[PDB]
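Have a look below at one chain only, the form deposited in one PDB entry, in structure tokens format.
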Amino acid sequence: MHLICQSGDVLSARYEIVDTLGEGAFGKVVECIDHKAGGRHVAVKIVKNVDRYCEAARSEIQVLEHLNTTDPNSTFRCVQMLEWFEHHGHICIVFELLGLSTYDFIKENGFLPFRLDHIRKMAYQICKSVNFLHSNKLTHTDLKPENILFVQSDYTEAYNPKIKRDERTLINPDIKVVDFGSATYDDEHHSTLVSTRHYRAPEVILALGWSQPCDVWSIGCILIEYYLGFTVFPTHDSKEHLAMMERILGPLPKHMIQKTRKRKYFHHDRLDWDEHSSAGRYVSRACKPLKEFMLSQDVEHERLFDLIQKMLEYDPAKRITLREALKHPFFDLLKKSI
């Protein structure tokens, strides 16, 4: 794929590659001049030539045709697909050019968090966008900062020699949601494993079945990461992850522990976890009850953390819906009408 995504390459006799936007296991997204839309810059996702990502790209195209025609103005902030084509056996999906990922913005600023005013506007828009999927019988299943993008390059950046990086300052925080390659319809077959480790709901880890609510969990994990500049689930291990959940959120409901087939993780009705091992004291140091992550006691910080706690409810049957999230007091500030 190296061989077909260089600067100056022309795709479908119109898209001149100018830059790389993002890469991953799916393939590459490249910025192109479209010489047949008056020189408009667009994004083109060149999908890896592997059955998994070919199948995923066919699924994404069908999802985007549905969401795009259901919501032609993009009121619910899903990325607009322009068309798709084939380039040397690769599916290429053309989209409207968006800005930076929320992931790159935080990361390149040295893992410095978004301002609370920005998080409020971003959480609302993320909740509206994904609630739109929920209304149309879809679960995204892979919500993470990489897949939430600023609509625009609406920031300033200045080289700071003291820390030897550019710092970016957000002017406007408007986002869209990308990557519908995993999105699953209610009636379709449900993968066992879904989501990126740090963003995975407990009902996924425990293979108890999943729906819309696994998206709500992922959004909760996104919002705390936006507030802190890093994840509270920094792990590469499901058992460790569950141990971190116990220390941050309190103990798992017995019913979920007793029902799961993933019994390697447990012993009788507790996590099979050596608290007193090296690794166990490590997790205890990295972990404290959620509300202790709060950077202020100020009521608008309390309002965010109450929404985060409801999104990170263990029982997906009890977990807040995005319909209800959109009505949470944290968003009252956006509906100020004197």
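C-alpha atoms forming the largest set that superposes within 1.5 Å between two forms make up the rigid core. Numbering follows the first chain given and starts at 1. First, how it differs from the form deposited in another entry.
The comparison between the two forms, aligned on the rigid core, picks out a single residue among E86, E157, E83, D117 whose CA moves by 2 Å or more, and that residue is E157.
In the core-superposed comparison between the two forms, the C-alpha atom of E96 has shifted by less than 2 angstroms. A movement of the C-alpha atom of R168 reaching 2 angstroms or beyond is seen between the two forms when the two forms are aligned on their rigid core.
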The other form holds:
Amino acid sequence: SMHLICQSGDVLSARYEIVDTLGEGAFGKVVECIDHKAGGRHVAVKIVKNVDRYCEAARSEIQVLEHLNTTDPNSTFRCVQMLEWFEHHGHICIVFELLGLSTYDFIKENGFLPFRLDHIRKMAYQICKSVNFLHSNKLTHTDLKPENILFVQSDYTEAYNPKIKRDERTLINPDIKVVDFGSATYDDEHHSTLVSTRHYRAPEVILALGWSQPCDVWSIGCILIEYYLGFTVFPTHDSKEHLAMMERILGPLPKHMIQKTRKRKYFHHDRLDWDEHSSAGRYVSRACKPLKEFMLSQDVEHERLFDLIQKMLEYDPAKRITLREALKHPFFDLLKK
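How about the form deposited in another entry, since we already have the form deposited in one PDB entry?
The next block holds one chain only.
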């Protein structure tokens, strides 16, 4: 159905001519359009599936972005700018400023290579600043992941690197914006039991212990390590295995969280019910290892980044570093005058 209305050359709302598809998600797709009203300026138009779940998210997003874009009209805090919304053949469509590739797609197109540390520093700072602005306004994003962090411009330079015997892309400008506010939840609204894309999901969410702003900090930690390594650190699609990967990289879960959860199926006698000597078990043991062993250098700047990641990946959300504190971490000192 969407297929029929999202084609190159189609005109939306008597104004936006589709150029082609930028990306696709469970919610629908985002297409690049020429805005014939605004002199031909290109914009991004998100076309939402005509399915209750995604319509409701889209309506919620529209409310959240009107609030954020009004509170911060210049995008000082780097939330994407929504321009307008309309309906096309029964689909909600939301128009945004046109950005570049997601950080995820950039990594993927570069053969799953990591970003350079100086870029990670800048991107991390901006992600923290942006999501902290949400947290200051009684909001939790709940779905932070590299697909939802987009470069303002994703242009790169490309040269043969003799060291790794392959061509390699170097990002020119690492500035980012945060997108997708369809799951963003206010402190005083209903909190769904399940949030976040699995790989970025906090342990309090997996264990259904209740969540708030700290779950975003966990997701960010997962994003940073992925920017450093070039790959997803919890790539599994199974909750128990995910928890087993956590234990191998970060150590055992806190006993008090284990005791409090209603997800008894993961546990036996307050320990993860996980056979380490099963095949899945041996894979987890050989693929995963303690966090600091992932470091590619012992240089102090790498140590600083890993200290920050370690603090973001604190199991107990009440002890996890806040984004206000993260912005003052030494890893960011090089950014300051």
